[PDB]
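Undergrad: Go ahead and model the full structure; you've got the sequences and the hints to work with.
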Amino acid sequence: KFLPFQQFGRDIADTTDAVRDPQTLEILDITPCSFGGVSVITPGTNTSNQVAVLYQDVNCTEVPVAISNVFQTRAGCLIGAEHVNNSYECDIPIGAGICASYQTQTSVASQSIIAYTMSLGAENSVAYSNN
Amino acid sequence: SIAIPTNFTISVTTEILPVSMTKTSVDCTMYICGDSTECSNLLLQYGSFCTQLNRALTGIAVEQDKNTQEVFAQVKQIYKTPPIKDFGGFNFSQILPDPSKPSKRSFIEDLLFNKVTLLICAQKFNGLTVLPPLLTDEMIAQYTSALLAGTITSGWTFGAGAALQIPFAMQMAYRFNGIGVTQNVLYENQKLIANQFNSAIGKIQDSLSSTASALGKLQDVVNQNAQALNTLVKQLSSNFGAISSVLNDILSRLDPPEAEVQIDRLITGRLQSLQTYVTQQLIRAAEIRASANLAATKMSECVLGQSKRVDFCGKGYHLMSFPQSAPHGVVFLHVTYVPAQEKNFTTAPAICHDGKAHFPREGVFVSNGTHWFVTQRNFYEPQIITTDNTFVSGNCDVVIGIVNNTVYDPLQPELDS
Amino acid sequence: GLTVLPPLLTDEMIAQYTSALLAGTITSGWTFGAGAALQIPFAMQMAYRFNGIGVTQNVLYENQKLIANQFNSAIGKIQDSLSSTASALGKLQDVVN
Amino acid sequence: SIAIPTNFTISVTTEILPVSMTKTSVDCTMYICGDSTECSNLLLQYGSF
Amino acid sequence: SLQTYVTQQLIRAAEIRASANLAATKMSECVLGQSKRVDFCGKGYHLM
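Order-wise, the sequence lines are chains A, B, C, D and E.
Using the entry's author numbering, the letters of the first sequence correspond one by one to residues 549 to 615, 631 to 694.
Using the entry's author numbering, the letters of the second sequence correspond one by one to residues 695 to 812, 833 to 1131.
Using the entry's author numbering, the letters of the third sequence correspond one by one to residues 841 to 937.
Using the entry's author numbering, the letters of the fourth sequence correspond one by one to residues 695 to 743.
Using the entry's author numbering, the letters of the fifth sequence correspond one by one to residues 987 to 1034.
Keep in mind the hints are simulated off the structure, nothing from the lab.
Where hints are given, some of them may not hold.
As the list claims (entries may be wrong) - Okay, derived cross-link-like pairs now, PhoX-like style, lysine-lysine, Cα gap no bigger than 25 Å in a straight line:
#1 C/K931 to E/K1029
#2 D/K717 to E/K1012
#3 E/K1029 to C/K917
#4 B/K948 to B/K838
#5 B/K770 to E/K1022
#6 D/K717 to B/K1070
#7 B/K774 to B/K798
#8 B/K1029 to E/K1022
#9 E/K1012 to B/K1029
#10 B/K838 to B/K717
#11 B/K795 to B/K917
#12 C/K931 to D/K717
#13 C/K905 to E/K1012
#14 B/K1070 to C/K905
#15 E/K1012 to C/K931
#16 E/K1012 to B/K1022
#17 B/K809 to B/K948
#18 B/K717 to B/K948
#19 B/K795 to B/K809
#20 C/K905 to E/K1029
#21 B/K931 to E/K1012
#22 B/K717 to B/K760
#23 E/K1029 to B/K1022
#24 B/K770 to B/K798
#25 E/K1022 to E/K1012
As the list claims (entries may be wrong) - Using C-beta positions, here's what the derived DEER-type ranges look like:
#26 C/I915 to B/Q879: 35 to 45 Å
#27 B/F807 to A/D565: 25 to 35 Å
#28 E/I997 to B/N1007: 44 to 54 Å
#29 C/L862 to B/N1118: 13 to 23 Å
#30 C/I866 to B/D780: 40 to 50 Å
#31 C/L862 to B/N1119: 46 to 56 Å
#32 A/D565 to B/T731: 15 to 25 Å
#33 A/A672 to B/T1011: 40 to 50 Å
#34 B/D804 to C/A908: 53 to 63 Å
#35 E/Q995 to B/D780: 51 to 61 Å
#36 C/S927 to B/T1084: 54 to 64 Å
#37 D/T708 to C/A908: 19 to 29 Å
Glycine residues also receive a C-beta, built at the ideal position from the N, C-alpha and C atoms.
TA: Spelled out as structure tokens, the structure:
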């Protein structure tokens, strides 16, 4: 709710979070559209020339704007990544454990950058006993 | 005069160390210009301080990832706890992770996680992107669980090579050997030792969920980082000399041929604030790196071994250390041997039996006033003086403080034939 | 505007700590830092440091009087070592400078 | 071939470790402006430095 | 000038804190016990 003489609202740093339009008396809001950087995940150029672009802290909505090829990590939307059920060691860290690691499985349905939750190592169970 | 303890209180003290500041980055163009093209062009002319800033902060984030990955991931294989837990009466259920919770953590780490609690989107608008740590809380908990399993089953040998299952009492007796106490003490007072350990663990658990000031270092580092970011944001609300503190007003009111001076003032002031901020971040990250190296070393020769260095693995003699996860930090449960229940005694460095001094081969010489006994240094275990506990070192004249007393020969009764 | 706030631990209290550590180190040996202070004859504690470097205890007692002169003469050398050249306190002066 | 010592020696070696520097504080307006109220207004314009 | 002085202090304060933390270790290992770390508590075999 705004007072009769209140139409501009500075949030913490003279940034107008909320404004009131002049014609009617609605109370509006301001939020920057698509702030947030990018990233590039690729193997060596000699090894391959296909890259995967990361859009951090961005929900998977702007992918068709700049472009399976869809993934929503805890850090941000990642394109050009093929999820895999199993887990290997971390080759190219991204975030939240998702470590991209390009691998050519059998030259068929491969030669693509894949992203997966990294394994922590080889699981083990020591044959413990009391004697 | 000598004093020897007769009882030991196995304390459990917690040492909390920062391990990593919150990963953070900022965009020069977003912070200084706020998505304005004129300011971006002016700063591109002004120089590559943008690249320097971004590279420095990216290096900070990378080295923090390295700290997190190096202080914890010291195990080649992720061991898991055994199903049946007959750990010599040591109730480990409080620190061993259990599947009852939706998150596979233990209880003490849960209390630590819920102890520390911290708007961000408003600051995030001006390029204050916060990257998430590569290792997640679940994987950190799994690392802690693997370390605890290794310590509880193999002890120290899993640091060197393959883990070797050891009965828990056996490795505890080995640790008493390492701290100069014979195995017999433990193998005679095992039940009392287990009761003391469980009582200490319970008291620690109750103490943790009493006052939130225990995690002082972690709370202070989080608060310092939040305050630094907050004042960095608040710096945007200053004129720095020009008519207005917002770029859009300057652009609208004044043409660039005249507004260039004011926008240059804003650019210089904000970049000065930003470089001050990154210098502070560099120094704080160096401090955190030193703390993380100390934490890694402490884990290396406390959890995976038994350091004979005083106060490195808790006050008093050191037995084990149980690492536990924490929000952007680690905590160690230094299981410390501490003597108590002392008693005055009369001591003599040597005994002259047949003209020859009989030094003790291992232990001290004490007397209850009537008899004469030899005991281990750190525990009152009276023993009859025999030739097995002593060794002759020549004539008994040069030594000072020697007392005339007999030495029982074990062979003589066997010579009854 | 420049000011020099005094340290909380004044020169008197600091010298008490070093005295307290010295008192603990001499009589109680080293156990005073770990658990509780335990009276130890200073001859025994020295003989129990030789045992910590492989030298048997008998060596110290067989040569205790010789050791006492060796250590005390070294201390006297230290006193002359300090008040001969001020360059011994290098790092401490550099901080002040 | 092995060399074994016969008569030992005991030395005393001094070691030097700094523990603290001179605690120092400073005030801007007294340093920067020097009790002048004309400069005190200008300084606060530069934000919370 | 103050920024340079303050920045100088923080970096220098890290030097002392590094030494002070090292001093505490020397005050703990060498003093409160006998340390087997060669060339950490004085050259040669250490006593106290």
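Undergrad: Now tell me if each hint is right for this structure.
TA: Evaluation of the provided hints:
1. C/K931 to E/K1029: holds (19 Å)
2. D/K717 to E/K1012: holds (24 Å)
3. E/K1029 to C/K917: Holds, at roughly 17 Å.
4. B/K948 to B/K838: Given pair B/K948, B/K838 holds - Cα atoms ~13 Å apart, limit 25 Å.
5. B/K770 to E/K1022: Violated, at roughly 29 Å.
6. D/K717 to B/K1070: violated (62 Å)
7. B/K774 to B/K798: holds (12 Å)
8. B/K1029 to E/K1022: holds (19 Å)
9. E/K1012 to B/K1029: Distance ~15 Å between E/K1012 and B/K1029 Cα, so the pair holds.
10. B/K838 to B/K717: OK: B/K838 and B/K717 at ~14 Å, within 25 Å.
11. B/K795 to B/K917: Within the cut-off at roughly 22 Å; holds.
12. C/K931 to D/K717: holds (18 Å)
13. C/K905 to E/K1012: violated (29 Å)
14. B/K1070 to C/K905: holds (19 Å)
15. E/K1012 to C/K931: Since the Cα atoms of E/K1012 and C/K931 sit roughly 16 Å apart, the hinted pair holds (cutoff 25 Å).
16. E/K1012 to B/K1022: holds (14 Å)
17. B/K809 to B/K948: Given that 25 Å is the threshold and the Cα spacing comes to 28 Å, the pair is violated.
18. B/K717 to B/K948: Holds, because 20 Å separates the two Cα atoms, which is no more than 25 Å.
19. B/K795 to B/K809: Cα-Cα ~17 Å, so holds.
20. C/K905 to E/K1029: holds (24 Å)
21. B/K931 to E/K1012: Cα-Cα ~23 Å, so holds.
22. B/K717 to B/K760: This hinted pair holds, its Cα atoms lying about 12 Å apart.
23. E/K1029 to B/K1022: holds (20 Å)
24. B/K770 to B/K798: Cα-Cα ~21 Å, so holds.
25. E/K1022 to E/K1012: Holds, at roughly 12 Å.
26. C/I915 to B/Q879: 35 to 45 Å: violated (54 Å)
27. B/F807 to A/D565: 25 to 35 Å: Distance hint for B/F807, A/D565 holds at roughly 32 Å.
28. E/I997 to B/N1007: 44 to 54 Å: violated (18 Å)
29. C/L862 to B/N1118: 13 to 23 Å: violated (35 Å)
30. C/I866 to B/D780: 40 to 50 Å: At roughly 47 Å between Cβ atoms, B/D780 and C/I866 fall inside 40 to 50 Å, so the hint holds.
31. C/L862 to B/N1119: 46 to 56 Å: violated (34 Å)
32. A/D565 to B/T731: 15 to 25 Å: holds (23 Å)
33. A/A672 to B/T1011: 40 to 50 Å: Holds, since A/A672 and B/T1011 (Cβ atoms, about 47 Å apart) stay within the stated range.
34. B/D804 to C/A908: 53 to 63 Å: holds (59 Å)
35. E/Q995 to B/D780: 51 to 61 Å: Holds, since E/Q995 and B/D780 (Cβ atoms, about 57 Å apart) stay within the stated range.
36. C/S927 to B/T1084: 54 to 64 Å: holds (60 Å)
37. D/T708 to C/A908: 19 to 29 Å: The hint (19 to 29 Å, Cβ to Cβ) holds, given that D/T708 and C/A908 are roughly 21 Å apart.
When each numbered hint is compared with the structure, violations occur for hints 5, 6, 13, 17, 26, 28, 29, 31.
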